[PDB]
Each structure stands twice: as C-alpha cells, then as structure tokens.
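**Q** Okay, here's what each chain looks like letter by letter:
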Amino acid sequence: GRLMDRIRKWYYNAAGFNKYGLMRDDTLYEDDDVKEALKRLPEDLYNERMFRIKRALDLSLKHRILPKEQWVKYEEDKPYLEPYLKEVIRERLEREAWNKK
Amino acid sequence: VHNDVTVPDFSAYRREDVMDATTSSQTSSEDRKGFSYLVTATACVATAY
Amino acid sequence: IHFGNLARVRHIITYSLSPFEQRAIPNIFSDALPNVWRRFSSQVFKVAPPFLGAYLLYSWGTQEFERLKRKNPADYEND
Amino acid sequence: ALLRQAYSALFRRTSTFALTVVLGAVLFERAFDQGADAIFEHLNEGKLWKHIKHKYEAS
Amino acid sequence: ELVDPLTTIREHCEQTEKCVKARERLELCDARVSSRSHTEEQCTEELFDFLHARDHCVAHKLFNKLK
Amino acid sequence: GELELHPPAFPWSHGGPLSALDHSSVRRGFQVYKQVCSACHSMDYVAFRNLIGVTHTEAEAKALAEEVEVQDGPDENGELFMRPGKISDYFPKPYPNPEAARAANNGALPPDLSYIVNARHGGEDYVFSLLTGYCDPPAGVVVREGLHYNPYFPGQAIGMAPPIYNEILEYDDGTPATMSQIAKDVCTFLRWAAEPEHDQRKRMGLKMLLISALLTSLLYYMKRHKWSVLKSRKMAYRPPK
Amino acid sequence: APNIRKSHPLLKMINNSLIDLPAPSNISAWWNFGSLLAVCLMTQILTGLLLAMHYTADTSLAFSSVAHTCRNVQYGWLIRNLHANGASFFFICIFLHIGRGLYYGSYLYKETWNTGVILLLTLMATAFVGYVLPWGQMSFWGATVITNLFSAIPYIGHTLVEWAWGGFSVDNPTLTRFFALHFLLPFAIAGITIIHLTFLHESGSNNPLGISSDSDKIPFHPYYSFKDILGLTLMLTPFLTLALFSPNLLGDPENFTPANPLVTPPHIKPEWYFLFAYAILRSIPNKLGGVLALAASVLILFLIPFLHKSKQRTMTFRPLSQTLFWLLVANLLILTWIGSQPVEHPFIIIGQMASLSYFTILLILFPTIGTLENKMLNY
Amino acid sequence: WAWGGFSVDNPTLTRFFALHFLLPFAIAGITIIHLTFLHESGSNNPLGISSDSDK
Amino acid sequence: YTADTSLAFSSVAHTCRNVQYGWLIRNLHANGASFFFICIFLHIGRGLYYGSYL
Ligand code: HEC
Ligand code: HEM
Ligand code: HEM
Ligand code: HEM
Ligand SMILES: CO/N=C(/C(=O)OC)c1ccccc1CO/N=C(/C)c1cccc(C(F)(F)F)c1
Ligand SMILES: CCCCCCCCO[C@@H]1O[C@H](CO)[C@@H](O)[C@H](O)[C@H]1O
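Protein chains in written order, with UniProt numbering: chain G, 10 to 110; chain Z, 77 to 125; chain Y, 2 to 80; chain X, 1 to 59; chain S, 11 to 77; chain P, 1 to 241; chain E, 2 to 380; chain C, 164 to 218; chain L, 56 to 109.
Calculated directly from the structure, the hints in this document are not laboratory data. Note that CB positions come from ideal geometry on N, CA and C, so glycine has one too. Possibly wrong hints are sitting among the right ones.
Distance windows between CB atoms, simulated [unchecked claim]: (1) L57(Y) x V22(X): 51 to 61 Å; (2) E57(X) x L182(C): 39 to 49 Å; (3) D53(G) x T372(E): 27 to 37 Å; (4) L79(L) x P267(E): 23 to 33 Å; (5) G205(C) x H84(L): 31 to 41 Å; (6) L109(L) x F188(E): 29 to 39 Å.
The whole structure should be built from the sequences, with the hints applied where relevant.
**A** Given below as structure tokens:
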C-alpha cells in the first residue's frame with residue numbers, strides 16, 4: 010500500500026547516497042550475482058555508472074558532496090540494474106534446483 | 077571532438093604568484109618550491125632531533 | 002602487478018595541478034569550515050544520543066550507589 | 001629573496017639538502033635544548049638543586 | 011611557643027555556613043547515640059560530612075601559610 | 001565498615017605538569033623520615049648516594065651514611081661483622097623481617113615507604129590528610145585497644161599512633177616545625193622517593209610537547225601539499241554521445 | 002625488468018605492499034589504524050626487549066628487578082613507562098581498527114577478518130601474561146582470579162589449571178613460564194600480522210563508500226605513507242603526553258605492592274582494555290556460565306561475517322544501522338564502566354542489561370535491521 | 164657496553180638470555196629469505212649442468 | 056630457567072633433577088646444538104664442492 014511508499018521516500022533521503030549523485034543500484038555490494046549483472050549492462054549504462062561511482066569516490070576523498078541541485082530525487086532514481094540482477098538470480102536458482110534433482 | 081575540451085579554471089586553488097595568466101610562472105617557481113621544501117627540510121631536522 | 006588490470010573505464014577526463022602551483026590548505030573559511038560544520042551537523046543526532054544515554058545511566062548508577070551508602074534515619078527513630 | 005636562495009643553494013641538489021638537514025639538526029639541537037632547559041628552570045625558580053645548592057656548597 | 015597554621019585555619023573554616031551546618035547535624039547524632047543503650051547507629055556519616063567540608067576548606071588556604 | 005572519607009586536593013608545588021619538586025622541601029622531608037619515620041618504616045629502594053645532587057652534598061651524604069653501621073661479611077672465618085656505611089648502602093631496615101616488625105607494633109606492620117604515595121589512592125594528599133587527620137571516634141564507634149582513630153584510614157582504626165606533633169623535631173634550615181609543615185615536607189619527600197625521575201620526566205614532557213607541536217604542524221602541511229593534487233582535482237564525463 | 006624495484010625478489014615485495022600498492026583514493030583516517038597497530042607492535046617488541054634485559058623471572062626478584070630497572074637503568078623508567086602505556090595505545094588502536102571494520106563491512110574479507118580475530122586473541126594473551134611479570138598485588142591476584150576460572154570446566158578442570166600453574170597455585174613456576182610466553186607471543190603476532198596483510202592484498206583495501214574503487218586508485222606512496230606518518234604523530238602526541246605527564250593515570254596503585262597470597266585486594270579489576278569482558282564475566286553468576294560468556298564475548302567476532310544481511314557493504318548509507326552501531330559503542334563504554342565497579346546494586350543489574358544488549362545487538366538486531374533496510378530500499 | 168658493567172656479571176647474563184631467546188627467531192626469519200632466493204633458481208645438482216630436462 | 060647469577064646454575068640443575076623429563080630436554084637441547092653445527096658444516100661443504108655459492 011501507499012503507506013510505506015512514503016517511508017521509502019523517507020529512508021531514501023535518510024540514506025543520503027543521492028547527495029553523491031549515486032543511484033540506488035550504484036551502491037550495491039558487488040557479490041557474485043551483482044558482478045554477473047554488471048557484465049550484462051549495455052555499454053552506455055555501464056559507463057554512466059562508472060562515472061557516477063568515480064565521481065562519488067572523488068567527493069568522498071575531498072569530504073564534500075554535490076550541491077543540493079544535483080542530488081538524485083527519489084522519484085528520478087533509475088533502477089537500471091535491478092532487472093538484470095533479478096534474471097541472474099532466477100537462472101542461478103534454476104540451476105541450483107536442477108542440480109539437486 | 078577534443079577541440080571542444082578545455083581545462084577548468086583553478087583560480088580557487090592557484091597560489092598567489094601564478095594566479096595571473098599573463099605572467100611567467102617561472103619567476104616565482106624557486107619561491108614556491110623553496111617554501112615547500114623548506115617545510116620538508118625542517119621536518120627532517122625535527123625528526124632527526 | 003595490480004595497475005592496468007583493475008577496471009574497464011571510458012570517457013572520463015581529469016585535470017590536476019602540480020602541488021607547487023596550488024595552495025596546501027585553500028579556502029579555509031569559504032569552503033573548509035562550512036563543510037566541517039556540515040559534517041558535524043549531519044552526524045550529531047546519530048552519534049550523540051546513545052552517548053548521552055550512557056552518561057545518564059552512568060550518573061544515575063553512580064549517585065544511586067552512594068545514596069545506598071548513606072543511612073536512613075527511619076531505622077533509628079525507634080529507641 | 002631567501003626562499004629562492006635557499007632553494008638554489010640548499011634544496012635543489014639532494015646532496016646539499018641532506019647536508020642542510022644534518023647541519024640543521026646540529027644547530028637545532030644546541031638551540032632547542034638550551035631554550036627548553038631555560039624555560040623549565042625559569043618555571044621552577046629556587047626549587048631545583050641547581051638553585052639551593054650554594055647553601056651547603058662550601059667546603 | 012609556636013602555632014600550627016593548620017589549627018588556625020581549621021577554626022576559621024569551622025566558622026563556615028557549610029561546616030556549621032554539618033557540625034550541627036553531628037552533635038545531634040552524637041547526642042542521641044550517646045543517650046541510648048541498644049542502638050546500632052554510629053555518627054561516622056555525620057563526622058565525615060563535617061570533615062569533608064572542613065578539610066576541603068583547609069586545603070584552599072593551608073599551603074599558603076607553609077614553607 | 002563502609003563509607004570512607006576521601007582526602008582533598010592540596011596544591012603541591014610539584015603538581016603542575018611543568019613543575020618540579022621543591023628540593024628544599026624534599027631535603028627537610030628526608031630529615032623527617034630519617035629522624036621520625038625511619039624508626040619503624042623501611043625505605044628499601046633508596047640509597048644515600050641517591051641524595052647527592054638532589055637534596056644533599058656529596059660530603060653530606062657520605063656523612064649521613066656513616067652514621068649507620070651495616071652488616072657485611074663473611075670475613076676470613078666466615079663471620080658476619082659490622083662496618084661504617086657507604087653512600088652505596090640503602091637506608092637501614094628498622095626490623096630484620098615483617099614478623100619482628102609486627103612484634104614491635106602490636107601485630108601491625110608498618111609498610112616500606114619507597115613507593116607509598118603510589119601504592120595508595122590519593123598519593124601525597126592521602127598521606128598528608130592521614131598524618132594530620134587523627135581525631136576522636138564519632139558516637140557509636142569504638143576503636144579496639146591498640147588502634148587509633150583516623151577518619152582517613154579505611155576502617156578508620158589505624159595501628160599507627162599519630163607520628164608527628166609540633167616541634168617533634170627541629171629543621172636545621174630554620175623552618176618553623178609545625179605539625180602540618182612537617183607532614184607537608186615528608187610527603188614531598190615521599191613523592192621523590194617514589195619517583196626520582198620526577199623532574200627529568202617533566203623536563204622531557206616539555207620538550208616532547210614543543211617538538212610534537214612543531215613536527216605535527218610541519219607534517220600536516222606536507223600531507224596537505226601532496227594531497228592538494230587530488231583535493232583540487234576536477235573530472236568530467238564526455239561520452240561520444 | 003627495467004627498474005630494480007620490481008625485478009629484485011625482496012624489493013619487489015617491499016614495492017608491492019608499500020609503494021606501488023594500489024589503494025583506494027577515498028579511504029579515511031579510520032584506515033590509519035592498521036599501520037599504527039604495526040608500528041605499535043614494533044615498539045612494544047623493542048621496549049620489551051630492552052626491559053627483558055634487566056628483568057628476573059623469579060617471585061623473589063621480579064618486583065625488585067622492575068624497580069631496579071626504573072631506578073638504576075639509564076632511562077629504564079622511561080622504557081618501562083613506554084612499554085606499559087604502549088600496551089594501552091595498542092588496544093585503543095586495535096579497538097578503533099575493529100570498529101572501523103564493523104562499520105564498513107571490512108569483515109566481508111573473511112580471511113583478513115579471521116586472522117584479525119586471531120591477532121586480537123593473541124594480543125590479549127600477551128598482555129595478560131605480561132601484566133603478571135612485575136609480580137605486584139594486582140599482578141598476582143589477577144593471574145589467580147582468571148586462571149581459577151578454568152577449574153570450572155568439568156572433568157579437565159582441576160587438571161588443565163594445575164597444569165597451567167605448574168603447581169597448586171600461581172607461584173614461581175607460573176611466573177617463569179609466563180615470562181617465556183610473554184617473550185614469545187609478540188613474535189607470533191608479528192608472524193600472523195604478515196598473513197593478515199597477505200590475505201588483505203588479495204582484494205586490496207575496502208573504502209568508506211563500499212563500492213569498487215578500481216576506477217580510482219592511487220599509489221600507497223606518497224599519499225598514504227604521508228597520511229599514515231601524520232596519523233602516527235597525531236596519535237603519538239596524546240600517548241606521550243599521558244606517559245610523560247600522567248604516568249600512573251591508567252594503572253592500579255595496588256601493583257606498587259609486592260604480591261602477597263595472604264591478602265586479597267578489595268577490588269580485583271583488570272586494566273581498562275579488559276574491563277568490558279570482565280563485566281560480562283561477572284554478569285553470569287555461575288563459574289562455568291560466566292567463563293563461557295567471557296569466551297563468547299570475543300569469539301563472537303568470528304560470526305560477524307555470517308550476520309551480514311544488507312545489500313550494501315558499509316553503513317555509510319544505512320542510518321538505522323548507524324545508530325545501532327553507536328548504541329553498541331555506548332554499550333561497550335557502559336560494560337567498561339560496570340567492569341571497574343564492585344559487584345553490587347545497581348551495578349549488578351545494569352551489568353546484565355549491558356551484557357545482554359551486547360550479544361543481542363550483534364546477534365539479533367544488526368542482521369535484522371539490515372534486512373529491514375533492504376526492504377526500505379525496495380530490495 | 165656489552166657487559167653492562169666492568170666484567171661479565173649479572174647484567175651480562177640477563178641480556179644474554181634475552182639475546183639467546185631472540186636470535187633463533189631471526190634465524191627462522193632469515194631461513195625464509197634463504198629459501199626464497201633459492202627458489203628463484205631452484206636446486207643445483209651434483210653434475211652441475213641444467214636439470215630442466217629432468218625434474 | 057632463571058637468569059640471575061645467583062640462581063642460573065641451580066635453575067638448570069633444578070630442571071634436570073625435578074622437572075618431568077627436564078634432564079631429557081636439557082640433553083636434547085645441548086646436544087642438538089652439535090647436531091645443528093655438524094649439519095651446518097656438511098651443508099656448507101656440499102656448497103663449496105658443488106658451486107652452490109654461485
Ligand atoms: C611507631 C612506628 C611508626 C612511626 C614512627 C611511623 N609509623 Fe607509619 N605506620 C606505623 C604502623 C604500625 C603502621 C601500620 C598501620 C596499620 O596498617 O594498621 C603505619 C602505617 C603507615 C602508613 C599508611 C598505611 C596504609 O595502609 O595506608 C603510612 C602512609 C605511614 N605509616 C606513614 C608514616 C610516616 C610518614 C611517618 C613519619 C612521619 C610514620 N609513618 C611514622 C608505625 C609508625
Ligand atoms: C596486531 C593487530 C593487527 C595488525 C597489526 C593489523 C594490521 C592491519 C593493516 C596494516 C591493515 C591495512 C590498513 C587498514 O585498513 O587499517 C589491516 C586491515 C584490516 N584488518 Fe587488521 N590488523 C590487526 C588486527 C585486526 C583485527 C583485530 C581485525 C578484525 C577483528 C582486523 C581486521 C582487518 C580487516 C578486515 C582489514 C580490512 C580493512 C579494509 O576494510 O580495507 N585486523 N589490518
Ligand atoms: C604484543 C606486545 C607486548 C605487549 C602487548 C606487552 C604488554 C605488557 C604488559 C601489559 C606488561 C605489564 C607492564 C606493567 O604494568 O608493568 C608487560 C611487561 C613486560 N613486558 Fe611486555 N608486552 C609486549 C611485548 C613484550 C616483548 C616482545 C618483550 C620482550 C621480549 C616484553 C617484555 C616485558 C617485560 C620484561 C615486562 C616486565 C617489566 C614491566 O612490567 O615493566 N614485552 N608487557
Ligand atoms: C640455519 C641454516 C640454514 C638453513 C635452515 C638452510 C636451509 C637450506 C635449505 C632447506 C636448502 C635446500 C636443500 C639443500 O640443498 O640442502 C638450502 C640450500 C642452500 N643453502 Fe642453506 N641453509 C642454512 C645455512 C646455509 C649456509 C651457512 C650456507 C652457506 C654458507 C647455505 C647455503 C645454501 C645454498 C648455497 C644452497 C643451494 C644448494 C644447491 O646447490 O642446490 N645455507 N639451505
Ligand atoms: C594476570 O591478570 N592480568 C590482568 C590485566 O589487567 O592484564 C592487563 C588482570 C588484572 C585483574 C583482573 C583480571 C586480569 C585478567 O584479564 N582479564 C580478563 C577478564 C580477560 C578477558 C578476556 C581475555 C583475557 C585473556 F586471558 F587475556 F585472553 C583476559
Ligand atoms: C614526538 C617526538 C617526541 C620527541 C621528544 C624528544 C625529547 C627528549 O629529550 C630528552 O630530554 C631529557 C631532559 O632534558 C634529556 O636528559 C635527554 O638527553 C634528551 O634526549
């Protein structure tokens with residue numbers, strides 16, 4: 010329901026990665042699944058993620074953040090990887106299930 | 077194309093003597109290096125002590 | 002060998018100046034401090050709280066311990 | 001301009017830079033110790049044996 | 011004869027609102043404790059509050075009058 | 001039996017982080033120990049030579065040590081024997097062993113004072129409050145025979161009879177030997193006995209601070225200098241797009 | 002190979018771990034503790050040896066040998082101070098090192114983490130046996146109190162203990178074997194530290210944002226060698242200030258008294274860095290249960306890698322975890338405080354609360370909140 | 164300086180114990196370096212000719 | 056062991072006389088030093104004879 014649909018927007022702003030100009034998916038810990046997903050991203054999406062991340066690291070070393078104008082807005086955050094990652098995991102679960110059978 | 081690329085302005089960081097784009101930066105180079113190296117040499121003396 | 006096998010990277014340009022052309026600690030008042038304050042602000046309400054709670058629990062327990070050492074006149078009113 | 005002279009004479013050639021550190025340390029020690037001791041004793045006037053010594057110093 | 015600045019300052023200090031009050035509670039305790047024959051009570055606590063207040067006062071001034 | 005009185009903080013002349021001991025006070029404190037406390041209290045870790053250059057002259061120290069007979073030996077026939085003391089000897093022990101010590105103090109054992117001010121919470125403030133804090137027990141409190149009431153001693157019943165009183169001795173430097181003056185001196189002496197390095201330690205502290213201030217600043221600049229390259233660095237994303 | 006820094010079988014090693022070693026560009030001051038821990042270790046070993054050269058492992062001479070060192074050895078008093086206080090600098094650093102790791106998910110580098118846990122355990126054992134050497138009152142009683150805990154282990158109880166003491170109580174045979182152990186362990190620490198760094202180099206350092214830093218790495222030198230040297234002097238100042246101006250601030254005056262087995266000190270409590278564990282120990286009234294609790298209070302660290310539920314590595318972007326984190330830190334100061342207090346009301350009840358919350362936060366809350374946060378990110 | 168006094172005496176003995184306890188560990192350390200250099204080439208053999216043809 | 060001129064000799068004797076198998080350990084340690092050198096001298100010899108020093 011549209012209840013926690015607000016909570017999310019709240020958490021999203023509490024987290025604060027948007028202050029670094031990062032997308033939610035940019036902050037994912039790169040375990041195995043995530044690593045595979047990243048290999049599937051189209052070139053353009055991949056390079057954009059790369060610049061965003063490098064940009065964030067540079068801000069982090071400088072101990073600064075992006076001007077308020079440049080912060081990613083909750084509703085404009087692109088879940089660019091979630092689709093691929095969801096697929097990668099099903100495939101894995103398929104194989105896992107099949108190899109027990 | 078690369079012709080469209082230019083170096084951002086570093087006035088917010090440049091040292092006073094190389095702030096002016098129409099002045100040779102060499103004339104103040106021994107000054108800028110002499111200072112920083114002086115700090116360093118002093119640390120060595122403080123450490124050697 | 003670890004430099005050159007790290008990441009596929011494209012289209013990023015970076016500009017940097019020698020350390021002798023720039024200032025070691027630039028814009029202390031226009032940039033530094035504001036940010037120091039900014040950083041402190043953003044964290045104080047996450048860090049401080051529990052430390053404050055700790056202090057209280059500390060004060061209580063210390064005072065409560067001393068109070069129990071004192072005598073209650075209500076044990077000698079009879080005699 | 002001392003900074004330039006310094007740079008040219010002392011900090012440019014790595015050999016002279018080391019010479020400056022050594023000769024610099026020798027002079028720094030002599031000076032720094034005298035000052036420290038001086039400060040310490042002044043902050044403790046008449047408390048050190050150096051101060052009261054004369055009272056019993058007399059063969 | 012000689013006089014120990016300690017004893018002198020002890021007096022000046024006992025003439026303090028703080029001491030006078032602590033000293034007062036003590037004498038009360040002393041009184042009732044001395045006037046019974048089957049009580050546990052002691053006046054340590056009261057004596058301590060007095061000595062604490064008095065001696066804290068003495069510290070502030072004593073070393074001034076010593077060599 | 002519960003409840004304890006904590007001593008107050010006296011302003012010792014050697015309390016400041018940069019303030020040495022008042023050696024004149026230490027010298028008198030030695031006299032107190034030598035003429036009063038040394039009767040029952042041993043100070044095993046200090047030797048007469050330790051006084052030299054601190055509170056006494058070499059000639060003075062040599063004389064002080066000679067006032068004592070020490071047991072040396074064995075000799076040719078494997079016999080122990082007496083001899084006059086040297087500055088290399090340590091302050092004489094009042095008793096052969098603890099058993100003999102208790103035997104002469106009502107089963108109470110006067111502890112060695114070499115480290116007393118560090119072996120007790122409160123340090124000199126404690127020892128000072130104790131020496132000058134003897135008084136009558138409050139109502140309801142009875143001190144068993146042999147013990148003396150002291151509010152500053154845990155349990156409040158100490159086995160040491162008040163050791164000092166006005167004029168119990170004479171300072172040969174002409175200082176008025178009041179009770180508190182004596183306690184103050186012997187306590188200053190005890191501090192020194194516990195840590196002879198006291199002054200040197202603080203003189204070093206001073207040097208540590210100055211150099212630490214200088215060096216830290218210098219290194220801060222250098223770190224900043226090198227990192228300026230990354231701190232001011234600017235980047236851009238320029239896809240063929 | 003062109004430069005001899007890469008070809009040489011040794012310099013190559015020095016170069017691949019201290020010069021051309023790829024390091025994230027954004028690691029903060031919290032990453033400065035690894036190097037401090039190393040330097041700290043080199044220093045303890047150095048001052049340790051210097052002390053060992055004047056010490057005598059014998060109940061009849063230990064105490065006075067330490068005293069002879071402080072009173073007669075040229076700068077012996079200084080060396081003694083630096084060694085004793087250095088042990089604390091060591092723990093302060095080790096606790097911040099660990100903290101940094103929990104907060105930033107450094108524990109996901111499992112092997113680097115486990116060796117790390119082992120370093121901590123070894124460091125504690127080292128400080129425990131070290132403390133006994135001066136043979137003062139707290140030296141002896143602390144040794145007694147802790148070693149007696151093992152007689153509580155059913156069956157191999159009285160055995161393991163009498164085997165450890167080399168007799169029926171803490172006595173000379175214990176002192177001499179403890180000296181050998183104290184002299185030895187630091188060298189195991191140095192050894193294991195190498196393994197620690199070896200596993201670490203497999204992945205390289207993690208960073209505060211928790212995302213891949215391959216896009217922006219800089220050579221360890223001069224960036225971090227300078228940053229680390231600076232961090233060294235910054236910490237070293239308070240250390241020396243304490244050791245030179247307030248030498249006995251952290252120590253127990255009870256240790257200025259020769260050990261005496263016929264006189265139990267009123268308050269047998271450890272150096273500050275063990276207090277938290279001492280509190281947990283006493284939280285469980287029951288010799289055996291308390292011992293297990295004590296053990297678990299540190300062994301718990303081996304579980305951290307398996308209690309990570311977040312989809313993100315660090316806690317930088319996890320505010321709920323952040324407070325839980327600081328709650329925990331405060332939890333620790335509380336335990337430290339309870340540890341220094343007598344076993345009485347209200348300290349007793351407070352103690353069990355603190356002990357209980359300690360394990361709950363690490364075992365139940367952290368993993369739970371992490372899962373909860375995953376949902377709030379629509380994951 | 165080595166004796167820590169004017170003759171071989173207690174101060175010498177205690178520092179010698181420390182050294183004796185210590186050096187063996189340096190030997191273990193250096194032994195690792197020994198084998199590390201060694202592995203660069205591998206063992207030599209009694210005929211003194213390359214053994215790559217038969218390892 | 057006890058590193059003190061007044062106890063060293065006897066601490067070694069106490070080890071050999073009281074410690075369980077202390078006498079054996081002492082023997083193995085003292086004699087092991089010789090096994091060590093015999094081995095080190097043959098190791099070196101081998102090296103000289105076979106040019107391992109290269
Ligand atoms: C007659 C022997 C005697 C003299 C003289 C004496 N003492 Fe004591 N002292 C004792 C005894 C006995 C004790 C043990 C008290 C106890 O434990 O009940 C003691 C204990 C002490 C203690 C404290 C013990 C504790 O547990 O806190 C201090 C400190 C002390 N003496 C200081 C001094 C000083 C300083 C002097 C000289 C000014 C002095 N004493 C002179 C007999 C003496
Ligand atoms: C004597 C003790 C130790 C030494 C000398 C040591 C040394 C180091 C060094 C030099 C580093 C690299 C720099 C840094 O990140 O700080 C490091 C990293 C690390 N150490 Fe330790 N360490 C010690 C104890 C431990 C302990 C007790 C833990 C954990 C229980 C631990 C966990 C780690 C981990 C996980 C990292 C990864 C840092 C990152 O996230 O990049 N270490 N350690
Ligand atoms: C991991 C590093 C070390 C730690 C954590 C450590 C810790 C300690 C501790 C806590 C003490 C008690 C200090 C006191 O209060 O008096 C101590 C004493 C001592 N340590 Fe270490 N130590 C370390 C390494 C060493 C080494 C390598 C040696 C020498 C081979 C050594 C030799 C001694 C000696 C002789 C003492 C007794 C003298 C004294 O107590 O000051 N230590 N150590
Ligand atoms: C604690 C002492 C030493 C240890 C533990 C040690 C150990 C070893 C080991 C394990 C090997 C490989 C097996 C072998 O060929 O024997 C080796 C080889 C060798 N060691 Fe040592 N060694 C020691 C001392 C020395 C000494 C004193 C020398 C020469 C002065 C030396 C020279 C060599 C050389 C040149 C080789 C090459 C052997 C070949 O020709 O293949 N080692 N050593
Ligand atoms: C030999 O005792 N050393 C003590 C000390 O302070 O050394 C710095 C001490 C002092 C008082 C009480 C308990 C201890 C013992 O330490 N206490 C605890 C409670 C402890 C806790 C966890 C682990 C370990 C160990 F074994 F080192 F591994 C010990
Ligand atoms: C952070 C670096 C701190 C280094 C501080 C060095 C100061 C040590 O200085 C010492 O002072 C003593 C007292 O005057 C002298 O007796 C010693 O000879 C001298 O080396």
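**Q** Each hint needs a verdict: does it hold in this structure or not?
**A** Hints, verified against the model:
Between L57(Y) and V22(X) the beta carbons are some 57 Å apart, a value that agrees with the proposed interval 51 to 61 Å. Checking the proposed 39 to 49 Å range against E57(X) and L182(C) shows it holds: the Cβ atoms sit about 44 Å from each other. For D53(G) and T372(E), the Cβ-Cβ distance of about 33 Å falls inside the hinted range of 27 to 37 Å, so the restraint holds. At roughly 46 Å, the beta-carbon separation of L79(L) and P267(E) lies outside the given 23 to 33 Å, and the hint is violated.
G205(C) and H84(L) have their C-beta atoms about 34 Å apart, which keeps the hinted 31 to 41 Å range intact. As the Cβ distance of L109(L) to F188(E) is approximately 34 Å, the hint placing it in 29 to 39 Å holds.
Of the numbered hints stated above, the single one contradicted by the structure is hint 4.
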